[PDB]
Amino acid sequence: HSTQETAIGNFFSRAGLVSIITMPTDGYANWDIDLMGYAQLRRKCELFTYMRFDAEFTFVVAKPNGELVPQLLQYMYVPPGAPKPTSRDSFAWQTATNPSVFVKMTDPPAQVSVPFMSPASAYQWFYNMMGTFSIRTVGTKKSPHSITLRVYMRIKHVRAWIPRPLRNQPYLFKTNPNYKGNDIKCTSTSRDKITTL
Amino acid sequence: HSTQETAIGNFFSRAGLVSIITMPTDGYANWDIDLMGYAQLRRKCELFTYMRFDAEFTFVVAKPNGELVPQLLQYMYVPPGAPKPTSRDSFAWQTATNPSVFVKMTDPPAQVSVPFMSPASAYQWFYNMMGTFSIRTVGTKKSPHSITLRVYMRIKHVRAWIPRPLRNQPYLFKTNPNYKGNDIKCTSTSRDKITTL
Amino acid sequence: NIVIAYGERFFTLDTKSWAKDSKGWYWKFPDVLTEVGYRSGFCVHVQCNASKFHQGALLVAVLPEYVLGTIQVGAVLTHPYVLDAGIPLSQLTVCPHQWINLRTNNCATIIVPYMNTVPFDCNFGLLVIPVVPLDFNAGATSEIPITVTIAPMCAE
Amino acid sequence: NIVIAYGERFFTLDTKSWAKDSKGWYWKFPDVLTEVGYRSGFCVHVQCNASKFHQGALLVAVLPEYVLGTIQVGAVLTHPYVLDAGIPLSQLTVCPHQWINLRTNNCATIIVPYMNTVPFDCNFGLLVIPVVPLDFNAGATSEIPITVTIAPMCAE
Amino acid sequence: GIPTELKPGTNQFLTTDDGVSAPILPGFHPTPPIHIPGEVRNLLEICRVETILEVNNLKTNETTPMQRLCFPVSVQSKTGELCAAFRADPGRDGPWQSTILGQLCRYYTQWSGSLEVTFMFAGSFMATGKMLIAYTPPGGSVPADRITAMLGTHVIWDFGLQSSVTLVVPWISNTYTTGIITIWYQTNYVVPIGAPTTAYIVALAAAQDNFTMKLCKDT
Amino acid sequence: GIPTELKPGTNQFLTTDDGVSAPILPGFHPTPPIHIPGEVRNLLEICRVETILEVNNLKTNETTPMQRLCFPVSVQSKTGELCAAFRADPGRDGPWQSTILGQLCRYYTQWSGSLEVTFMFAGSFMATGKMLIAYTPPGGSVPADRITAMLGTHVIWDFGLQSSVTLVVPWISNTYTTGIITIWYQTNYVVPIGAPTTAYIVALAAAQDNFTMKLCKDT
Amino acid sequence: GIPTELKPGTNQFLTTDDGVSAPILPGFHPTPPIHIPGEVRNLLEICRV
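Chains as they are written, first to last, in PDB author numbering: chain A, 73 to 97, 104 to 205, 228 to 297; chain A', 73 to 97, 104 to 205, 228 to 297; chain B, 30 to 37, 62 to 90, 102 to 135, 155 to 204, 210 to 244; chain B', 30 to 37, 62 to 90, 102 to 135, 155 to 204, 210 to 244; chain C, 1 to 175, 189 to 232; chain C', 1 to 175, 189 to 232; chain C'', 1 to 49. A prime marks a further copy of an entry chain.
Treat the hints as calculated values from the structure; they're not laboratory data.
Cβ atoms here follow ideal geometry from the backbone N, Cα and C, with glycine treated the same way.
Hints are not guaranteed to be accurate.
[As the list claims (entries may be wrong)] With a straight-line cut-off of 30 angstroms between C-alpha atoms, the simulated BS3-like cross-links for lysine-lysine are: (1) A:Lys122 / C':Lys230; (2) A':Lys274 / B:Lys81; (3) A:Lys162 / A:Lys241; (4) A':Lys122 / A':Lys285; (5) B:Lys81 / A':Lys280; (6) A':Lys293 / C:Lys59; (7) B':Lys69 / A:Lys280; (8) A:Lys256 / C'':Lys7; (9) C:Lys230 / A':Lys280.
[To be verified] Far from chain C by the CB rule (all over 12 angstroms, computed), these chain C'' residues: (10) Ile2; (11) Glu5; (12) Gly19; (13) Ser21; (14) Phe28; (15) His29; (16) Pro33; (17) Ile34; (18) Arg41; (19) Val49.
The whole structure should be built from the sequences, with the hints applied where relevant.
In structure tokens form, the structure reads like this:
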């Protein structure tokens, strides 16, 4: 067979869940875009040092229990270097330089592609701020429906540089690669003797 | 006329029902993909020995009585060699390597094509594990709607090898071609004399 | 009368005694040569020695992936109408077969090539079924020997 | 035995004493030459002087963007199995490396070019880890010196 | 955007559509196929082999089903009498349920073409005789004796020289159309001393190269 | 407008689709890429470097994990005895968990190809001896002594002349298939006065150019 | 009709799309432009004084 399955493009395909947002009955959320949000997609991204790609988002929105209601929403993308909305009726929601989409809940979900937004030539995990999202319901009255949604993120046009040893220790913080010094767990499994196959 | 109707491709067309799933008010089901699920499509597949094809599924979902409700569902396909979901809120539902679809009940049904997933060159019924499906409703609350659905499966790009005599005895188990030894029914119908036309 | 399956030294096994109430014998390949004297071919030879006063007919036929069901010498078939696998005897001629009719000819040989989903790896069987039973008069020989001769070809 | 990283005067630092219970040393580039005697290359030379009665093995390997974690002379590694960064020692050979085995050869040099996302701007490190510990008998020299020689190339 | 329209017939699920769907694994590379002998490209390659019929389907042969594959001849039978008779329809029940031609035509509705029936003698070498294999046209009547069966389509088969006779049916159709083949005793069965008195005939059946079928139907 | 139709399969969200979406910033011009050395175009460029195994994974080495990279030889060991033995599977747990080949094959299901194992001596220059690196075929048994291990696939490695031996595994597969490599003492470990009595061997492992894998699976 | 499909991302309103819409006056002919001096084609012509 060919060696197409182990390419760098197919290794970062099959978009999975990167965030979960619950908005019960404030009215607005601010979710920062970060790849290292789960245990997945952090050990896989720390295999290399320099990465260059674009993003692709999808906002699957529903009620807490299955059903959908005819409600109009707005997903505003804040560029890197722009002030975030601090209230529900703030002046940042009407800013023309912040692009937004207007979809309903009885609508197939939105498909937003975010390009390479770094001032350098590639991203760097070991020493970016790709952007933040803001989700609110339109109108001047409180909508009587609990809203929840999940964001799925794809990674297209993957280019990698400088391979790195894979992390075998559990993470503690999400800013630095720290470990616990009270114990060092072994990478391999142990046996009773070196002669027992 | 031509001999197009008796081809091997048209003999396995006209996709029929292969499964029926009832989910009343657990919340998740696990249906293993198997061709020998009914009396049909088992006598027709035992005519040969080696088969090579791909699959094509359709999930027609409704209520137990006709109507539809605005509910969001998820049909996750588990690859061969992956752990199955054991709970409703398990970690397998957020696995990026397991592809899934997100359709509603007021949506035309999903069309999922499953390729040839065998490590050999063809399937073998006489001596595969094509995959399993997992169906659940999204959300963290119990949806107050009884859900039922049926799966239809098409077989495309049919290639057959080593024809085999057709089975004329009823089946007992679904792993081995067993029969009952207390009686052997005749394939043909009997008459009173050999001279009576 | 060389028949080749689907258009593409000499080991001698034991001799089976064709009785008056025989049902059939089957051999599993390539298990029959694993104690006497993977990818290979096969060239089997089934022949019997009978006189001109005996009558009967045999049906030698290979069967790839012949699995059984629960009710070197080879086992004896219990129900030869369903072949202990649910498939009928009358439709066995869709496989590469040969008829051993005692009126005319006393030999049968089948050329069987390699056949598997994987090129390098029990592949097939060999059923000998007395469709027409043996009949004779009093004083003649009650048993007729059936000898199987197997010849492997291009082993890898 | 010239190794070049990814296929593309002479300053002498201090000498480190390879003891029997040494763990490892690391140097940060280009911080090691900021008090003695931006875009540039590097040509480092690691060599040690030992006799034919000492045994051991060293693993010299560069590591771009080597950041540490909380539990000219260079610092001493505390946990050399995880390199104080969570990455294992056994997978360090994916970087441009060299083995200093005391049985055969006593020199190691790595050609390191410029590597950054911006062309004009601490870039990489240099880990020397005693994988096989030093062993000798009584009466021999207890310390073995390790000298690092760095040579910059095409500075801009 | 471009102007579009929704014709009547959308958002429906037909079961016999040639619809290219999205694959569930785009990056997967399947196993490349190798050469496996015995490839079946059409169902007529299975319907053109001579398989055994069951002409002797009596009521007493239900306990021992091995005797249903052969019908016996004997010495005590007189000349000019009938031995066996059977229909020539693969679809309806009877002797044609045991062949692979009559089991694959159950998956269809209409069939039309020519067949062939090959008999085989399994008697002693020192025995000789003559049999008459008559075929009546469809729409006629069954013959009462050997005389009126000779006037139609027939073949004289003597097993003292040959061992297999092949009778070809000209045409059958299904939209009565019955092709009754009768086995008559031309001469008596003579044997020397030592030879067995009874013998057995095994009948085979296969289709020709002009036997087509259509209108697929699930049983 | 033009007549259109809605096939079954619309308004659904597949996670593995190649769908070109609308960009959120049409007027933005990204930073042009420059030449950065060490570009990884495929995952097999990482699986073809010799990384250190952990053969000496005993129960007492859990506190000091630095001793798991080397297994010792000594003078007091007799001749014709076993030193170490380990499996040759990158997927399952054991000595192959510490290499980059056995950590990237956890992201897949099936793998097939050839490997190589490179040993390295770290002893004194004045010491000499002989070791036997035997490999059993898959499906066989572990050898009991040095005699039956010599009859299979093996290489005699003397560290008085060389310092590194490379043993190549012919083929492994995963759909037991175990490739047990045993380290035998051919001759005893001889040293002069002043030389150390114990030495250490570091084992490396890498894959060849015909080691492919498929069926990606998230851990 | 021709077989079609609805990809995820329909019935949404993005604010930065290059979408050609239907004109509200198809039969209207606008005033033809004349030569007016001092045309600014880019914002850097103002940042260079």
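Straight-line Cα separation of A':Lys293 and C:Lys59 no greater than 30 angstroms? 8 angstroms, holds
Would the non-interface assignment of C'':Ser21 survive a Cβ cutoff of 12 angstroms against chain C? 9 angstroms, violated
Non-interface claim for C'':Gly19, where every Cβ of chain C lies beyond 12 angstroms: 7 angstroms, violated
Taken at face value, is the distance from the CA of A':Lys280 to the CA of B:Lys81 at most 30 angstroms? 24 angstroms, holds
A cut-off of 12 angstroms on Cβ-Cβ distance, and C'':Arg41 was said to be off the interface with chain C. Does that hold? With a cut-off of 12 angstroms, C'':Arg41 remains clear of chain C, as the shortest Cβ separation is near 30 angstroms.
Hinted pair, alpha-carbon criterion (30 angstroms max): A:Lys162, A:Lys241. Please report holds or violated. This hinted pair holds, its Cα atoms lying about 22 angstroms apart.
Tell me if the straight-line CA distance from A:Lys122 to C':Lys230 falls inside 30 angstroms. 13 angstroms, holds
Whether C'':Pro33 stays farther than 12 angstroms from all C-beta atoms of chain C, as the label says: It holds; C'':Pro33 is separated from chain C by about 28 angstroms at its closest Cβ, greater than 12 angstroms.
For a C-alpha distance cap of 30 angstroms, please report whether A:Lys256 and C'':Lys7 respect it. 18 angstroms, holds
Regarding the assertion that C'':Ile2 does not contact chain C, is the least Cβ-Cβ distance greater than 12 angstroms? 9 angstroms, violated
Given the hinted pair A':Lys274 and B:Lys81, is their Cα-Cα distance within 30 angstroms? At roughly 24 angstroms apart (the allowed maximum being 30 angstroms), B:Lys81 and A':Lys274 satisfy the hint.
Are C:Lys230 and A':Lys280 close enough, with their CA atoms no more than 30 angstroms apart? The hint holds at about 29 angstroms.
Of the hints listed earlier, those the structure fails to meet are numbers 10, 11, 12, 13, in rising order.
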